[PDB]
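So this first bit is one chain, no partners, the form deposited without the partner chain, shown in structure tokens.
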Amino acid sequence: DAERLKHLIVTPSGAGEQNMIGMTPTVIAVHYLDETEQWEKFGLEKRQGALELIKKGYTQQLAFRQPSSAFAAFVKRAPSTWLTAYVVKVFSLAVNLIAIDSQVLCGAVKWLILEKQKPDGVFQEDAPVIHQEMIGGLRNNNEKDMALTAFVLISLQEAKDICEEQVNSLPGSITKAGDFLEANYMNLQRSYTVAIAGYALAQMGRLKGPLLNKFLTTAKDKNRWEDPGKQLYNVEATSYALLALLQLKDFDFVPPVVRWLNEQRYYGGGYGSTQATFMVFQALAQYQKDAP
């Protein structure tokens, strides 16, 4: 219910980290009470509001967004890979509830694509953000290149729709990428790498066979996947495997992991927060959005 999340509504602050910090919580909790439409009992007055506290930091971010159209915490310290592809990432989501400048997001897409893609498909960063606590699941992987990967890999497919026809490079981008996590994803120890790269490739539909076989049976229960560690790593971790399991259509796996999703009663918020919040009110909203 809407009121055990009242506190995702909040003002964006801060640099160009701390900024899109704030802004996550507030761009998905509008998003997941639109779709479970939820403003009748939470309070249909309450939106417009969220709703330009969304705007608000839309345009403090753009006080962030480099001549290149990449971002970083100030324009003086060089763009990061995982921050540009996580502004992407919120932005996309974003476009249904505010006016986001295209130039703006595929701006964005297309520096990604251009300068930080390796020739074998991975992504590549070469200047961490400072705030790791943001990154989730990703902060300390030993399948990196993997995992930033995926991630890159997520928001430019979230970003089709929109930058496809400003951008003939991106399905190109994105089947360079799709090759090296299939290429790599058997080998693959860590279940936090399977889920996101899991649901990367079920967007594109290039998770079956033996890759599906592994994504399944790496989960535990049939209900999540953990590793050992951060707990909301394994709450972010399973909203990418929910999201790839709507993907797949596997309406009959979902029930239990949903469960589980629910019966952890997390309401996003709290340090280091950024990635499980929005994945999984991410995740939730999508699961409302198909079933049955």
The other form holds:
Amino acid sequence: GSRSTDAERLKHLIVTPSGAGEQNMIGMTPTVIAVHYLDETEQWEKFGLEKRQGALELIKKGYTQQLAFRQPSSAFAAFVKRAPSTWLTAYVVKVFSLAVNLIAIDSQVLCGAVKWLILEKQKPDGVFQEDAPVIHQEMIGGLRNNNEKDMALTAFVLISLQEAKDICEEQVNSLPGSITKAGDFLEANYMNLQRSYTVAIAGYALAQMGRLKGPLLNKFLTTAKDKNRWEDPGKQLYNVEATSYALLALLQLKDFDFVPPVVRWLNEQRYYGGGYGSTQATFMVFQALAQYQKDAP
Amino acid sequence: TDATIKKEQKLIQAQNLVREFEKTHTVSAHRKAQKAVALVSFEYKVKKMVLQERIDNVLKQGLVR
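Mind pulling up the form deposited with the partner chain bound next to the form deposited without the partner chain we just looked at?
Once more the chain from above appears, this time first in line as the rest of the complex follows.
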């Protein structure tokens, strides 16, 4: 294991959530992940154990406020009368799943969203579609790129369902089958991917269900630049997000030999999240580093 | 009916961990307790509420590492 990221570098991540259906999640993100990371690296003592309760209060505040945008179908959108967003509903599931360890979260809100995604937004071929893009295109990270959207979005949604599985297993009968179908889609087109971003995000999705191996794993690994990062010509934030998904995949594979260089690269970026368009990069870099701290030998 | 057993187990797990939390008052114990409770079936909505309230009260007292 490597040294943890100094808690002092993350004090700006304790934020007050505000705005509508999308903006509330943009504010909720940094706080949830900061607490998640500080919890795992146990830096509260050497930082302010009382600040945690405060952060928790802000998370509860974000959660309740998000419920005002839960539509009758269990889906989410910037406004209750706006067509529901596949990506946002999936992201809400993603964030709430990690926050299950911090505050009370209604399983039916989480699993209701999961059920809606499966029943309403998944094609018979396994693909997940977005029929009402979020207003804040800057909050979806690398998924903003139009190329390989079916793979990228399907991977993103699959990740959410996978992280929600433990919580929703007993109440969403179709969950297992949905995941299988999504995986099948990713598998049949993985070798054809051209973007390091899609390779990384889809790689993690496949790795979680033990399907990242053989030539797929070879593709995933060889896509990395200097064996320490997954990048494409574009915003650096997308590469930080991509490489974070890649780290999570490697951890899932237990490939601790390939891990050190990746973690070193991420730390060397000295990216501490926050700010316009940082949502995916902030959530992912810290989810990935926290997981690293938790698993890595 | 293994589901009946699973659900009862989750409830047992949640109860133990919540009790453990009331004992130690640590972040680690808080997290396990909170997630455990989250896993308790709606079938036990009442004790689930009672268990959540117990978590909320331990936090009101303050954590210690």
